[PDB]
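A.B. asks: One-letter residues, chain by chain:
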Amino acid sequence: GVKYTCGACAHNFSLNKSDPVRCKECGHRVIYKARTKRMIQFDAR
Amino acid sequence: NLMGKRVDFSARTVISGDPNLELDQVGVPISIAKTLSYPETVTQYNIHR
Amino acid sequence: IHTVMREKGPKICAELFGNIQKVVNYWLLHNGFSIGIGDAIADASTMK
Amino acid sequence: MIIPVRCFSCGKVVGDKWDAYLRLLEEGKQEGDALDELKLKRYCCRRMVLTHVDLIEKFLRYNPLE
Amino acid sequence: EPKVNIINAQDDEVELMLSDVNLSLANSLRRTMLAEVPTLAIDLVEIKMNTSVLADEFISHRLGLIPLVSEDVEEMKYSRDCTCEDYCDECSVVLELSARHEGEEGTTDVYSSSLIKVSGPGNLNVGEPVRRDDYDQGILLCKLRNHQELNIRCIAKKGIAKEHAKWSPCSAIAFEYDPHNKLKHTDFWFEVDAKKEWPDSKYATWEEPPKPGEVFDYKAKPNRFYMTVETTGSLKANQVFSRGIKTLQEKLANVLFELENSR
Amino acid sequence: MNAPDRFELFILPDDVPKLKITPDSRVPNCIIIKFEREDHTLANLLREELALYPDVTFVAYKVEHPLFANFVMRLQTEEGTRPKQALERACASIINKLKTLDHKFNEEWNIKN
Amino acid sequence: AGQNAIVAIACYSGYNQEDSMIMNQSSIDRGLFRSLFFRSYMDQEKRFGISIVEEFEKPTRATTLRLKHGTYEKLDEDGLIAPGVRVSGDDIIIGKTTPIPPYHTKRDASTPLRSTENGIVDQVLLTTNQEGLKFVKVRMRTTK
Amino acid sequence: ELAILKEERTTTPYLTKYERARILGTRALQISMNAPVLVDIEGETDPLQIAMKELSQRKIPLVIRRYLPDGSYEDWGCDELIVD
Amino acid sequence: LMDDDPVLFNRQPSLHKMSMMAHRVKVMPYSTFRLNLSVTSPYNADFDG
RNA sequence: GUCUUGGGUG
Ligand SMILES: [Mg+2]
Ligand SMILES: [Zn+2]
Ligand SMILES: [Zn+2]
Ligand SMILES: [Zn+2]
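If you read the protein sequences in the order shown, they are chains A, B, C, D, E, F, G, H and I. Start counting the first sequence at 28; every next residue gets the next number (full-length UniProt numbering). Start counting the second sequence at 340; every next residue gets the next number (full-length UniProt numbering). Start counting the third sequence at 631; every next residue gets the next number (full-length UniProt numbering). Start counting the fourth sequence at 1; every next residue gets the next number (full-length UniProt numbering). Start counting the fifth sequence at 4; every next residue gets the next number (full-length UniProt numbering). Start counting the sixth sequence at 1; every next residue gets the next number (full-length UniProt numbering). With full-length UniProt numbering applied, the seventh sequence corresponds to residues 819 to 920, 931 to 972, in that order. Start counting the eighth sequence at 71; every next residue gets the next number (full-length UniProt numbering). Start counting the ninth sequence at 437; every next residue gets the next number (full-length UniProt numbering).
Worth flagging that the hints you see were computed from the coordinates, not collected in a lab. Heads up, some of the hints might be wrong.
If you only want the chain A side, here are some residues facing chain G, beta carbon under 8 angstroms, derived [as the list claims (entries may be wrong)]:
(1) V29
(2) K51
(3) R56
(4) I58
(5) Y59
(6) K60
(7) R65
With a straight-line Cα cutoff of 27 angstroms, these simulated DSSO-like cross-link-like pairs (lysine-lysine) come out [unchecked claim]:
(8) E:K222 / D:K41
(9) C:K638 / I:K453
(10) E:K199 / D:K41
(11) E:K222 / E:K185
(12) G:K972 / A:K30
(13) F:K104 / F:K84
(14) E:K249 / F:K104
(15) F:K104 / E:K6
(16) G:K972 / A:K44
(17) F:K62 / E:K187
(18) G:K972 / G:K934
(19) E:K165 / E:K254
(20) G:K864 / G:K876
(21) E:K80 / E:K239
(22) F:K112 / E:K165
(23) E:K187 / E:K165
(24) G:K886 / G:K876
(25) E:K249 / E:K165
(26) H:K76 / C:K641
(27) E:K254 / E:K239
(28) F:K62 / F:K18
(29) A:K64 / G:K864
(30) E:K224 / F:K99
(31) E:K185 / E:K165
(32) F:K20 / E:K249
(33) E:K199 / E:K6
(34) F:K20 / C:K652
(35) E:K224 / E:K198
(36) E:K6 / E:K198
(37) D:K58 / G:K972
(38) F:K20 / E:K6
(39) H:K129 / H:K87
(40) E:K80 / F:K62
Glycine residues also receive a C-beta, built at the ideal position from the N, C-alpha and C atoms.
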């Protein structure tokens with residue numbers, strides 16, 4: 028579905044709103060979303 | 340609530356000094372000038388403006 | 631200021647502030663005025 | 001944080017001199033002499049390098065989060 | 004009648020004495036070289052992957068502050084005068100930066116030499132980040148640790164220092180005249196004696212000190228000007244001086260054009 | 001949020017003329033010129049050039065506000081001369097002086113090689 | 819917590835009087851006294867009963883009422899905006915619905941961005957609270 | 071009953087600052103509501119400045135009723151009060 | 437809000453009638469109000485916050 | 001959307 032990342036072991040994975048909130052590789056408790064796919068522009072000013 | 344109360348059509352911000360303003364002039368930020376308004380009755384002398 | 635207020639009115643007195651401010655500010659812009667640590671120092675005889 | 005590219009006051013490029021400055025300080029040269037050799041002559045450019053605190057070393061110690 | 008006397012001339016700086024010109028002319032030249040000589044600088048940054056500790060606009064500000072070779076920037080068009088909707092080569096130079104720590108130990112430094120020119124209005128000699136030597140590493144941009152990556156596509160455009168200091172070809176234009184205060188344009192603060200307490204100008208030996216018998220002269224105007232232009236490598240010192248002169252000439256020509264075509 | 005654009009200093013809009021001339025009726029043969037999108041660089045140059053002509057009796061300029069990029073210039077001349085003509089003459093003279101200066105600087109730089 | 823600026827003491831143009839102070843625009847352009855700002859918004863799901871709870875979800879107009887006047891087009895399918903997206907004032911960064919007690933049976937409890945602030949989303953955190961219900965923290969970033 | 075005859079009117083013959091301010095405000099509001107204008111309008115379009123022009127030319131058709139502390143009052147037309 | 441509009445301008449505390457005065461508007465860039473420097477005495481104001 | 005507490009500014 029949508030990409031996440033572990034908070035302890037930096038593992039990447041993807042959960043689908045029905046699994047519990049957890050990491051696969053270690054089983055850690057806090058996860059962070061992944062960077063968006065859109066393109067971001069800055070003015071360099 | 341009766342001797343003093345909060346009022347509409349007011350603004351507040353930090354003040355700065357300007358050697359090039361007249362004594363009875365105040366410099367008003369553009370954003371405040373656009374947020375605040377004055378109701379001006381349309382007449383045959385102000386319809387174009 | 632009081633004299634110009636009483637003789638010429640409030641409008642001319644208000645414009646007096648601006649005239650004096652502009653002339654003096656231009657002259658001081660091209661003259662300059664500063665203050666330093668040396669302006670608080672008295673010579674040896676005065677210290678004695 | 002990390003050495004600024006330009007001098008704030010005048011705009012000279014100081015971002016390419018931090019490593020040379022550290023190497024000069026390693027071999028014993030005192031700070032004024034190292035700043036002289038890097039040809040930083042105006043005290044604005046000199047205080048750019050002399051007062052820099054390099055915090056990126058401290059920030060890099062926290063593990064990459066991806 | 005105007006005269007130039009070069010005293011020192013290397014690639015980055017030129018030291019010259021200017022003479023038989025009005026002070027307004029010399030100061031206008033100083034101001035023009037500081038503010039109105041076009042250069043090239045990164046004006047648009049596109050972040051693909053930035054997992055470094057630094058923020059996106061921090062890195063963008065630093066990239067905008069990087070000097071780039073601007074020799075041919077005058078054969079280029081301002082990106083606001085080009086009829087392309089999205090950017091194009093007539094008015095931009097596209098650079099790439101890709102950096103990535105490989106392995107799991109030490110710090111990888113990201114330098115300005117790692118910027119790579121991909122497109123640009125060839126064969127114009129613009130766009131490259133300026134290197135001091137063949138072995139220069141350039142400016143420090145960021146630092147990377149394990150698995151941290153930086154992937155950036157920068158656009159460079161033509162601009163002047165009025166818009167933003169990053170387009171300034173000059174750092175500091177030293178400028179002085181009348182080392183002995185013969186014209187009495189300053190009035191020295193002192194405690195005991197104004198001659199002992201004030202250091203001499205570095206061009207004091209270039210002019211005769213006033214004689215004790217001399218009286219004040221009310222005909223003398225400033226006539227000799229000692230100025231030292233320094234550059235950031237984007238332009239050379241002689242190039243900065245000549246293009247400042249040309250920019251002033253074309254500003255005057257613009258005024259002349261409007262005056263004549265208002266008749 | 002109230003900061004104007006840094007290119008409005010020099011980029012002339014389409015509804016704003018570069019130059020606008022009005023006469024000062026109080027004194028004879030005088031004109032007031034407003035230069036848009038310019039600053040002290042052109043103003044002081046022109047002022048000190050014009051102040052040295054015999055036929056120019058009054059010349060001055062001011063920048064009424066530093067936050068707005070224009071200046072206004074008052075210039076008077078004698079009976080025969082027109083202030084406008086003195087203005088083209090000053091522009092041409094400064095152009096020639098800069099051209100001579102450029103030629104001599106380039107020659108000097110070549111000799112230094 | 820400061821910077822060594824080069825300071826002149828002068829009555830230069832009159833704009834530094836009465837504790838005003840003139841600053842170099844070029845030095846500002848080169849990074850003098852420039853700072854990053856981080857604001858973090860928080861929100862979680864409550865339990866109003868047995869099977870009555872709130873949900874993080876992008877609220878469709880049909881099933882929801884009293885929707886905020888901001889735009890919802892920035893939320894992913896999980897009701898959370900993704901890091902790297904520019905956000906203006908009044909934009910929704912956490913979509914949430916509160917069920918209507920006994931279609932069209934939900935009220936919204938969405939968290940907008942502050943009406944004054946701009947910026948770019950930095951770090952959208954997601955965990956569970958003390959009671960095991962979903963918990964979200966969203967940190968914005970900007971430069972002043 | 072409470073009106074005073076035009077002969078025994080013992081208040082000041084001069085328009086006070088408050089009377090002038092209120093008279094100008096009322097005239098400006100009236101003119102901004104497309105009321106007829108007594109002066110010849112030459113250049114100015116702002117109703118307040120037109121009202122000032124009317125006040126100077128003694129052509130404002132209004133009346134000040136000056137109440138005394140005992141409840142009686144005096145009536146003065148704007149054209150007969152003296153404007154500084 | 438436009439140039440020359442009369443607006444009431446005020447600093448607290450308002451200890452006397454000259455702490456509240458009517459000014460003509462001048463619309464300007466940046467976020468601070470602007471005052472001529474001779475009126476900072478009746479307002480008892482300065483430009484440090 | 002409300003009440004208290006705390007830290008501050010002129
Ligand atoms: Mg104060
Ligand atoms: Zn994990
Ligand atoms: Zn410096
Ligand atoms: Zn193009």
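A.B. asks: Are there hints from earlier that the structure breaks, and if so, what are their numbers?
C.D. replies: Hints 2, 8, 12, 13, 16, 18, 22, 23, 26, 29, 31, 33, 36, 38, 40 not satisfied by this model.
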